[PDB]
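Given these sequences and hints, build the entire structure.
Here are the chains, one letter per residue:
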Amino acid sequence: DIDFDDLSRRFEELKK
Amino acid sequence: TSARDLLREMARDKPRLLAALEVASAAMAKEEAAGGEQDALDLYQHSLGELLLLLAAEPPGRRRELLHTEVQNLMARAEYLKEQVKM
Ligand SMILES: [Co+2]
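Chain order of the listed sequences is E and A.
Sequential numbering from 5 applies to the first sequence in PDB author numbering.
Sequential numbering from 12 applies to the second sequence in PDB author numbering.
Simulated from the structure, these hints should not be mistaken for lab results.
For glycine and all other residues, C-beta sits at the position ideal for the given N, C-alpha and C.
Just to be clear, a hint being listed does not mean it is correct.
In silico DSS-like cross-links for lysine-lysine, where the CA-CA straight-line distance does not exceed 25 Å [claimed, not checked]:
#1 A:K25 to E:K20
#2 A:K97 to E:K19
#3 A:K41 to E:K19
#4 E:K20 to A:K93
For the chain A half of the interface with chain E, some residues (derived, Cβ under 8 Å), not all of them [to be verified]:
#5 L63
#6 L65
#7 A67
#8 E90
#9 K93
Label-pair ranges, simulated between beta-carbon atoms [unchecked claim]:
#10 A:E61 to E:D10: 16 to 24 Å
#11 A:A87 to E:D5: 14 to 22 Å
#12 E:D10 to A:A68: 17 to 25 Å
#13 E:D10 to A:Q95: 20 to 28 Å
#14 A:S36 to E:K19: 17 to 25 Å
#15 A:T12 to E:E16: 32 to 40 Å
#16 A:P70 to E:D9: 19 to 27 Å
#17 A:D24 to E:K20: 34 to 42 Å
#18 E:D5 to A:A45: 36 to 44 Å
#19 A:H57 to E:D9: 28 to 36 Å
#20 E:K19 to A:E33: 26 to 34 Å
#21 E:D9 to A:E76: 18 to 26 Å
#22 A:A44 to E:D5: 32 to 40 Å
#23 E:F8 to A:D16: 23 to 31 Å
And the structure:
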């Protein structure tokens, strides 16, 4: 099971 | 053979996946170069966006497991680099 919620949160944070 | 080499070989039939992995490879090369930090972050961000969607599209199997491992690692490398840059 891949936690896409965690990954999507982390990705938005990284992008800044 | 590293996990990354193997993922690349499993991706031989999927040019979009190979291309996203090459962008990630450039990010890691940039992280090793003097002055390369911002370019690395930009390459990490771009490749990660693509790889996340490719991971969502991937059917279950060994390639998906390898891709998930690589995405987790790339995200962590980029996060750490971003903190270093922020200083
Ligand atoms: Co793109």
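Hints and how they fare:
no.: 1; hint: A:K25 to E:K20; in the structure: violated (30 Å)
no.: 2; hint: A:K97 to E:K19; in the structure: holds (13 Å)
no.: 3; hint: A:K41 to E:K19; in the structure: holds (17 Å)
no.: 4; hint: E:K20 to A:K93; in the structure: holds (10 Å)
no.: 5; hint: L63; in the structure: holds (6 Å)
no.: 6; hint: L65; in the structure: violated (12 Å)
no.: 7; hint: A67; in the structure: holds (7 Å)
no.: 8; hint: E90; in the structure: holds (6 Å)
no.: 9; hint: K93; in the structure: holds (6 Å)
no.: 10; hint: A:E61 to E:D10: 16 to 24 Å; in the structure: holds (18 Å)
no.: 11; hint: A:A87 to E:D5: 14 to 22 Å; in the structure: holds (19 Å)
no.: 12; hint: E:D10 to A:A68: 17 to 25 Å; in the structure: holds (18 Å)
no.: 13; hint: E:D10 to A:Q95: 20 to 28 Å; in the structure: holds (22 Å)
no.: 14; hint: A:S36 to E:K19: 17 to 25 Å; in the structure: holds (20 Å)
no.: 15; hint: A:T12 to E:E16: 32 to 40 Å; in the structure: holds (34 Å)
no.: 16; hint: A:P70 to E:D9: 19 to 27 Å; in the structure: holds (21 Å)
no.: 17; hint: A:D24 to E:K20: 34 to 42 Å; in the structure: holds (35 Å)
no.: 18; hint: E:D5 to A:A45: 36 to 44 Å; in the structure: holds (41 Å)
no.: 19; hint: A:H57 to E:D9: 28 to 36 Å; in the structure: violated (22 Å)
no.: 20; hint: E:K19 to A:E33: 26 to 34 Å; in the structure: violated (20 Å)
no.: 21; hint: E:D9 to A:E76: 18 to 26 Å; in the structure: holds (19 Å)
no.: 22; hint: A:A44 to E:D5: 32 to 40 Å; in the structure: holds (37 Å)
no.: 23; hint: E:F8 to A:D16: 23 to 31 Å; in the structure: holds (26 Å)
Against the hints set out earlier in the document, violations occur for numbers 1, 6, 19 and 20.
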